[PDB]
Amino acid sequence: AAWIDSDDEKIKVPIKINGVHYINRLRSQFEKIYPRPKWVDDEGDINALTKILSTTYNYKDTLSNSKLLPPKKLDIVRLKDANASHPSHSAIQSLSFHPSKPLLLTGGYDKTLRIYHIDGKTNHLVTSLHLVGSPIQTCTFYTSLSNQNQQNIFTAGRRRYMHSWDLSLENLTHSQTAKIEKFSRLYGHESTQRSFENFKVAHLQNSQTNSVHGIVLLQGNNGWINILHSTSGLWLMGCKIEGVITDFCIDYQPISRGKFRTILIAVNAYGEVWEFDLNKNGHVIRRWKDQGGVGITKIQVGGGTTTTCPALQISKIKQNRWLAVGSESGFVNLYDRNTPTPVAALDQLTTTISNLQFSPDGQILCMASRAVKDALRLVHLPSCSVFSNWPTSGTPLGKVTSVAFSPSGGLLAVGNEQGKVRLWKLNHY
Amino acid sequence: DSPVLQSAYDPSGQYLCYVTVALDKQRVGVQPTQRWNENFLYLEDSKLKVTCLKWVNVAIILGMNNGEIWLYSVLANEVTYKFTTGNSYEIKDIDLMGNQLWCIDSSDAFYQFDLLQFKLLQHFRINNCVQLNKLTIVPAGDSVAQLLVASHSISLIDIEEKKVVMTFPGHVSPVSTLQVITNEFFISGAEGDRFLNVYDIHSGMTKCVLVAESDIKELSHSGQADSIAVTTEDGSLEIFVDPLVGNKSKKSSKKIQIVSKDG
Amino acid sequence: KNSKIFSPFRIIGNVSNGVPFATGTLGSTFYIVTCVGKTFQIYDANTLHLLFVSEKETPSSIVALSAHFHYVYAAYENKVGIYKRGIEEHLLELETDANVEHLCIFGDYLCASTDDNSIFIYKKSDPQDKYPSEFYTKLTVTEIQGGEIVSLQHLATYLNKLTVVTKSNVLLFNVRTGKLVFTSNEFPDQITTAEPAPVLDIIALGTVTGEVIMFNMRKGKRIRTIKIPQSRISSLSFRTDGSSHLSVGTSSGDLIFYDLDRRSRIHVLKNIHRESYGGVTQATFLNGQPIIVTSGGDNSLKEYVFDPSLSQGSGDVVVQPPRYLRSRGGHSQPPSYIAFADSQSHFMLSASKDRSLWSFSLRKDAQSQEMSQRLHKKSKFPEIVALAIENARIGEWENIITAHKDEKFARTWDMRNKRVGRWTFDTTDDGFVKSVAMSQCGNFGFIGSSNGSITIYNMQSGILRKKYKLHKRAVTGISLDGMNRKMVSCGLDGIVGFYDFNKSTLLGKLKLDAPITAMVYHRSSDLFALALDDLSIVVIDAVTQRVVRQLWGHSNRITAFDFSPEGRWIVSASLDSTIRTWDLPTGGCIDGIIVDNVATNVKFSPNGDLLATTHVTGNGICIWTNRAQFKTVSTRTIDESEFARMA
Amino acid sequence: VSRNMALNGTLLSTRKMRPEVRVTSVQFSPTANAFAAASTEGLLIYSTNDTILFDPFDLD
Amino acid sequence: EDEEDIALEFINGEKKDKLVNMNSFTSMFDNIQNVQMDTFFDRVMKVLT
Amino acid sequence: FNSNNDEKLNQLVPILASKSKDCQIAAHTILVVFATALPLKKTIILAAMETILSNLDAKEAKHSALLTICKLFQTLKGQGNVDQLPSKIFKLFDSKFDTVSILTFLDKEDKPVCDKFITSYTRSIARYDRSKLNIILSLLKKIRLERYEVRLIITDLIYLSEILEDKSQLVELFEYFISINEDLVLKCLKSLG
Amino acid sequence: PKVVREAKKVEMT
RNA sequence: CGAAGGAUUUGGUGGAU
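Chains as they are written, first to last, in PDB author numbering: chain LS, 123 to 137, 154 to 181, 203 to 497, 504 to 594; chain LL, 2 to 36, 46 to 67, 74 to 261, 269 to 286; chain LT, 19 to 396, 409 to 677; chain LO, 617 to 627, 670 to 718; chain LH, 848 to 896; chain LM, 223 to 237, 246 to 423; chain SB, 410 to 422.
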């Protein structure tokens, strides 16, 4: 007994009983009211696992610390619509985030270039530009890799001319007029090109001088890819493939400090894949086929630099590790760039694929189809397994016709035929 | 809603510091009111947000939801020093008088900081303060002897006594502005309210109730009760001329609006 | 401060303010006593039906509650009152300014602990006395002996011993002799909770860092140590149903259950109470049952029961998880709007900043329910700023309309179904809803837009019918006469609109000196009062379209006001913390009150015997009685100067 | 009319038959101050004699 | 060099693994009789791989 | 069946000690399947080994354990994924699995993916055992470790040169990294000194 | 048939 | 139409009857 009382033993409580004995009787009676339980009596090692389970009731490792997003659960939150401040009057044919600034560019058959300041809560419009008689099948930002001060917007539609809008210095906002230029000279190759509607912009390093400048790629009538200088517009070289050109994608392969080569990837409906070396007059350097490909519709690369994840200087140039190939049937073969055998054959979509785009880190593949409403899924990479929680039947997507990932922050924009750009934010980023 | 989450003129009124959201990240920028600067401080955390903005006489103190206070020198475009409280609760308000620096957390804990020494001097809790949405230091001499605090009502507290001294019936809604116009005369305003209560510190009686045409967002005072300029939620600026001279309720005398040529 | 016309009796909608609740047994019926600000409420554990309430409000808030058979001990400021059945019988006043903090009553002894680490001991004057009244002695614990007192606890089989638990450690004091008999060894962590185990000489102790310490005081040594990393213990309680179980409350709102025999966790209840409101302020197992009661600072009291094991054997192995059985709750924040549900005055609707809509019963049943927000198909909604109700067409279609803050559309609510309706009403002018009203027939709903437009819909079909565009600023009031002929509107621009609802034409327009803030329309008398920005109440008759009565005296903005059901009186509340009763026939103020908290809303009952008011603080509703309904009242004009002096 | 729970409507040879609440007849008083309704419980009379309401006419 | 480049190297390094679905272990019961359980664990690894 | 319902998997977590060999390998299978189904804290993973290695006596149990051990870290996908084992476990691991046993484990062509575990083991060797630095060189040749695993292994060896005395096996390890991915070695050196 | 778990009425003792 | 699904059945508790 740690402690003893002196008062209880001395005091005599009438029924006269001494305290300590009287205390013992009180202990007995309460022991009668409730039985004594067995737990009170009780007072590398193998019992480590048993102990640790007792310490905590939360057993899922926290995803905040993990730099890799969970495979199957996507933490995605909807934000305000981008077009809410100023709605469009036609479908959103293309989307593009500015490489560094927080701007989202929209275009369509409205013939209007609407640029919005994406903040997620207000989404106001910065400026607008109407191009009379020039539908916009695709628009995109461009930032010169060497002169960071050079911004530019290139736009094209079902026309034999292309429009370039300079945004350098204060032209974007302060200027009361827009400095625009029309590219309408192909220098004797007009037969190959019927329209500028399908075009992309990339960086070409002139190796012999080490100078780096932008190029504009176009789709020709008969497997022709015409390459033009971004600023001067001169015809540099042309690449030819066999069969009807369906789509092409661009990859960068760094060589050394300040040296990289620009590889053009083109695909035929057969899945026959051509790779031209644009630093060597566009000579073929590899040929292969899409395993089990037929009715190919789209091709894309990512995990490094690309049109959706442009670089800000030479040293950020990185090689894409992933390559996807869409199809009319709804299959999306995936290839690991690190005849090839696809890593996986994604088949959740059952309609023609129209948009394939990777995340800036190359961890997510978003495929969408314009054929049917809500045709959009997100695949976790390299697991190649579709996310389940999102999208749901209650998710408003409509006829998805444009998709874009922000360079940073994990923002997703999805436009539809109704002219609404809906914005979502990935909590992991 | 306006893209500018928060803003505050410098005491001279020549430089404006504002905070806006770029994509998912907040950026803080400064512009010269009298007459472009492309430099903005970028918060690397989407979760991090700016709760309080206060100029210093060329540094600006920024209250973070993280539970710490950042001192920002605009010229260097870098955070010179961060004052971190023990708790992680967001800072609700900030005020300064020279080296003195007082802030309040979501726990309603008062803190005292020294700019010169870079140290947390004292922290304390006062009963009868269930929330503290506003903190204002009374301009008494060169030292702090009392503090004006308001969440729904307004309370006066003595630093040395660590107790409330006087209480003023405030607005039903949370108090938004608690500027002290002159001695024994401080104006009060609440969110979503068109009424400003002018209270006498020494007595505690409502001297006047100033009325705006619409809900008041911001308040600016000229001289010593010479005039008060209030920004209305509708986007118009109302000016009150000599509000401290029927008499209980006064209306704005001059109204200023901005409209484009197109309309 | 005393009204000659009104008198308080009870607050509605509050079950617990956050103070730990005590439990006791009266024969075979077990009761729970809960603190509600300056009063308390006793509920029957079998059905949680209210039984008794305090006859009068304590001058100071109650800090600690203790229950013992017919007597419940409440401590507030420096004096402890003995209550039986809610009545005052004998009051204990301590001799020091230090307020009481904690209470312990065992045998014939009452122990009271003040903030200054002083314990006051009382004894019954007679052995057969019902309650202790005589003062025996005073015992004070110094800093050297221990830290601040955590609680006063008495273990079983201890003759005249008080097991005082302090922040530093546990201390034993023999109250008969007033001597320190035993001092426990110092503990590394801060102690926060202490609960006597049923077993002898062992007391469970909860720290601030998720440690439960089962200190055997007889042997003076630790027995067991349960670890809950990243948590602090708020309450403790053991199961007395013959099954060895332990309950841990935490500030995070999680209730954990351990089986001490098997040294394992049975089941965890997450977020039963809100963390911001202190989580689980108290949770107690009822003596001899699988019943555990829980409470929190969120104005909610919940109960959970452990069903019998589903396994014929190894029942201890297969323990059913605790199950929700019954509870109450109320607003977790002060209500924003109130209205009387029906003419009979049996139910009232209430809206709060907590985004929750509730229906409070007025009778002794004290039944309280949430309005279900589950949308119909053909998080909580933003808080309401305006609401109207009507009762002609209840049970056929929607009979309530509401306007939400920063929301462009109004939502409908069905009283009979107690669920959201299938209709939403848009302002159609890019403006926010600022006024909502309904016709007496219950077929039409009126919505006032911030841009000055009035849109008229149909309640049953939810289709726009009529739009009137006269006001250029926000419309702050809409009303229609019982005849459904002449409709009245007011706006912030200072004008009052008069329309012919049947013919859709202007009868006239009236401009007032100051902007209008609100409107109330008395259909029987055909009079409506207006709260003007100049701190005046203007009464206007629709028939003759002229100002009728103007009231002066309010020192600040008028928060709310209403007509008496008789149409003879108007009572208004203003930001100057006063309630003034105005006699319309003479146009003068007959009574004045000073409220500690500004009354945000004021509403008469349909009968007129009752008056309901809401204040800036408090999760309940202050309901008043109309004394003129029992006798005559003079209409002599109240003295302004004396009323100002009182304020 | 009535609030008695005993009355049926307020809330093989045997007729399940109990009293029902009903109004057999109603007329106005010629005094234009009351109207009486014949019912099962008896002749109810409703009047305006109290006139405790305030209904001003052409007031200023 | 920069930290985010190292983080992207970590992300590049992570490789896919065969995920487990509901119909991955159903066939085990078919061949559970008269089997050395070392081989059972080996088969579990094989299907998991 | 409960893979989709992550909440139900969590409640399955609370629900080797037997000397019988069959009982230990039975526990190995349960741990292996569940870990890939649901990721777990490294503390759970580290505590799991201490139980596996406590009564690891049967040879067949050792083989099945080692396959289980390699799997668990492959499921680990957080910072410290390839950090060194703590000292007590590493001493336990080598005792129940000598270096030659692991070298044989890496020798077989059908070795399961274990680079996460191997890299975490390599840093343990350098921290605690100076004699086995040569075994690191033999270890690296047998298994190709992925890029960032290589970078961290270059990272810790750099501290060894500054702290530990220069040794043949130490420089031969560097010489190996000079042979493979020479540019990456400069990056580690550039960032560290 | 799945395990019936009836929320049997519980009356206090 | 549509922010992290829709529809049908069903046990129990609570309030009325």
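If you're looking for bench data, these hints aren't it; they were derived computationally from the structure. Backbone N, C-alpha and C define an ideal beta-carbon position, used for all residues, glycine too. Treat the hints with care, since some could be wrong.
Just a sample of chain LL residues kept apart from chain LT, beta carbon distances all over 12 Å, derived [said to hold, decoys possible]:
| no. | residue |
| --- | --- |
| 1 | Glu48 |
| 2 | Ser56 |
| 3 | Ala92 |
| 4 | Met221 |
| 5 | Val225 |
Pairs of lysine-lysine residues, derived as DSS-like cross-links and limited to a Cα-Cα distance of at most 25 Å, are as follows [what the hints assert, rightly or not]:
| no. | chain 1 | residue 1 | chain 2 | residue 2 |
| --- | --- | --- | --- | --- |
| 6 | LT | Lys395 | LL | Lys233 |
| 7 | LM | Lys230 | LH | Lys865 |
| 8 | LS | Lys134 | LT | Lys148 |
| 9 | LT | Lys502 | LS | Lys170 |
| 10 | LL | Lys284 | LS | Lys338 |
| 11 | LL | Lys178 | LT | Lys661 |
| 12 | LL | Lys179 | LS | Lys260 |
| 13 | LL | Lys98 | LS | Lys280 |
| 14 | LH | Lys862 | LS | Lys477 |
| 15 | LL | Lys233 | LS | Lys232 |
| 16 | LL | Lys278 | LT | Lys516 |
| 17 | LL | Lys57 | LL | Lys26 |
| 18 | LS | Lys231 | LS | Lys219 |
| 19 | LL | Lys179 | LT | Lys97 |
| 20 | LT | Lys371 | LS | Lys154 |
| 21 | LM | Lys372 | LS | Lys232 |
| 22 | LL | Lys179 | LT | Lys661 |
| 23 | LT | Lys382 | LT | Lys395 |
| 24 | LM | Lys289 | LS | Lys418 |
| 25 | LT | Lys395 | LS | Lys564 |
| 26 | LL | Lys278 | LS | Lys280 |
| 27 | LL | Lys59 | LL | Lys178 |
| 28 | LL | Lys284 | LL | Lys273 |
| 29 | LS | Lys477 | LS | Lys239 |
| 30 | LM | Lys271 | LM | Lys318 |
| 31 | LS | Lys585 | LT | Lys395 |
| 32 | LH | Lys862 | LM | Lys318 |
| 33 | LT | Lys245 | LS | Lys210 |
| 34 | LL | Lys233 | LT | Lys97 |
| 35 | LT | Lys661 | LT | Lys22 |
Some, not all, of what chain LT presents toward chain LL, calculated at C-beta under 8 Å [to be verified]:
| no. | residue |
| --- | --- |
| 36 | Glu204 |
| 37 | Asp207 |
| 38 | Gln208 |
| 39 | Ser350 |
| 40 | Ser585 |
The hints, checked one at a time:
At roughly 34 Å, the least C-beta separation between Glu48(LL) and chain LT is larger than 12 Å, which holds for a residue marked as non-interface. Distance check on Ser56(LL): its Cβ is at least 21 Å (rounded) from any Cβ of chain LT, clearing the 12 Å threshold; non-interface status holds. For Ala92(LL), the shortest C-beta to C-beta distance to chain LT comes to about 39 Å, beyond the 12 Å cut-off, and the non-interface label holds. Distance to chain LT contradicts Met221(LL) as a non-interface residue, since its nearest Cβ pair spans about 9 Å, not more than 12 Å.
For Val225(LL), the condition that its CB be more than 12 Å from all CB atoms of chain LT is violated, with the nearest at approximately 6 Å. About 39 Å separates the Cα atoms of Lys395(LT) and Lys233(LL), which puts this hinted pair outside 25 Å; it is violated. Note on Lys230(LM) and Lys865(LH): the hinted pairing holds, with a Cα-Cα distance of about 21 Å set against a maximum of 25 Å. The straight-line distance between the Cα atoms of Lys134(LS) and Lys148(LT) is roughly 24 Å, inside the 25 Å bound, and the hint therefore holds.
Under the criterion of a C-alpha separation no larger than 25 Å, the hint pairing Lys502(LT) with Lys170(LS) is inconsistent with the structure, at around 82 Å. For the hint linking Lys284(LL) to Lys338(LS), the alpha-carbon distance of about 24 Å falls within 25 Å, and the restraint holds. For the hint pairing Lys178(LL) with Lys661(LT), the CA-to-CA distance comes to about 50 Å; that exceeds 25 Å, so the pair is violated. A distance of roughly 50 Å separates the Cα atoms of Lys179(LL) and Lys260(LS); the hinted pair therefore is violated under the 25 Å criterion.
About 28 Å separates the Cα atoms of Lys98(LL) and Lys280(LS), which puts this hinted pair outside 25 Å; it is violated. For the proposed pair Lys862(LH) and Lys477(LS), the alpha carbon gap of about 19 Å is at most 25 Å, so the pair holds. Between the alpha carbons of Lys233(LL) and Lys232(LS) the distance comes to roughly 41 Å, so the proposed pair goes past 25 Å and is violated. The straight-line distance between the Cα atoms of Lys278(LL) and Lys516(LT) is roughly 36 Å, outside the 25 Å bound, and the hint therefore fails.
Using a Cα cut-off of 25 Å, the hinted pair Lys57(LL) and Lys26(LL) holds, with the two alpha carbons roughly 8 Å apart. Our distance criterion of 25 Å between C-alpha atoms is met by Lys231(LS) and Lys219(LS), whose separation comes to about 14 Å. A threshold of 25 Å between alpha carbons decides the hint, and for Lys179(LL) with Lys97(LT) the separation of about 23 Å falls inside it, so the pair holds. Proposed proximity of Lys371(LT) and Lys154(LS) is contradicted: the alpha carbons are some 65 Å apart, above 25 Å.
Distance hint between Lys372(LM) and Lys232(LS) is unfulfilled; the C-alpha atoms sit about 37 Å from each other, more than 25 Å. Simply put, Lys179(LL) and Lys661(LT) have alpha-carbon atoms about 46 Å apart, too far for the 25 Å limit, and the pair is violated. With a C-alpha separation of about 37 Å, the suggested pair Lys382(LT) and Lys395(LT) falls outside the 25 Å cut-off, and the hint is violated. About 55 Å separates the Cα atoms of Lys289(LM) and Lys418(LS), which puts this hinted pair outside 25 Å; it is violated.
Among the hinted pairs, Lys395(LT) with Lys564(LS) is consistent with the structure: their alpha-carbon atoms are about 23 Å apart, no more than 25 Å. As the CA atoms of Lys278(LL) and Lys280(LS) are separated by approximately 29 Å, the hinted pair breaks the 25 Å bound. Proposed proximity of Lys59(LL) and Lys178(LL) is contradicted: the alpha carbons are some 31 Å apart, above 25 Å. Among the hinted pairs, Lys284(LL) with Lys273(LL) is inconsistent with the structure: their alpha-carbon atoms are about 33 Å apart, more than 25 Å.
The hinted pair formed by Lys477(LS) and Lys239(LS) fails the criterion: a straight-line CA distance of about 33 Å is larger than 25 Å. About 18 Å separates the Cα atoms of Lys271(LM) and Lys318(LM), which keeps this hinted pair within 25 Å; it holds. At most 25 Å may separate the alpha-carbon atoms for a hinted pair to count; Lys585(LS) and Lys395(LT) meet this at roughly 24 Å. Between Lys862(LH) and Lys318(LM), the direct Cα distance comes to roughly 30 Å. Violation of the 25 Å bound is thereby established for this hinted pair.
For the given pair, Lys245(LT) sits about 10 Å from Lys210(LS) by alpha-carbon distance, which is consistent with the 25 Å threshold. With a C-alpha separation of about 47 Å, the suggested pairing of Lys233(LL) with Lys97(LT) is violated against the 25 Å cut-off. Straight-line distance between C-alpha atoms of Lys661(LT) and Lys22(LT) comes to about 11 Å, which keeps the hinted pair within the 25 Å bound. Interface hint at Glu204(LT): violated, since its Cβ lies 24 Å from the closest Cβ of chain LL, which is beyond the 8 Å cut-off.
Checking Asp207(LT) against chain LL: minimum C-beta separation of about 18 Å lies over 8 Å; hint violated. Interface restraint check: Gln208(LT) against chain LL, minimum CB-CB distance 16 Å, threshold 8 Å, status violated. A hinted interface residue such as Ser350(LT) counts as satisfied when its beta carbon comes closer than 8 Å to some beta carbon of chain LL; here the least separation is about 14 Å, so the hint is violated. A least Cβ separation of about 6 Å between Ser585(LT) and chain LL falls short of the 8 Å threshold, and the interface hint therefore holds.
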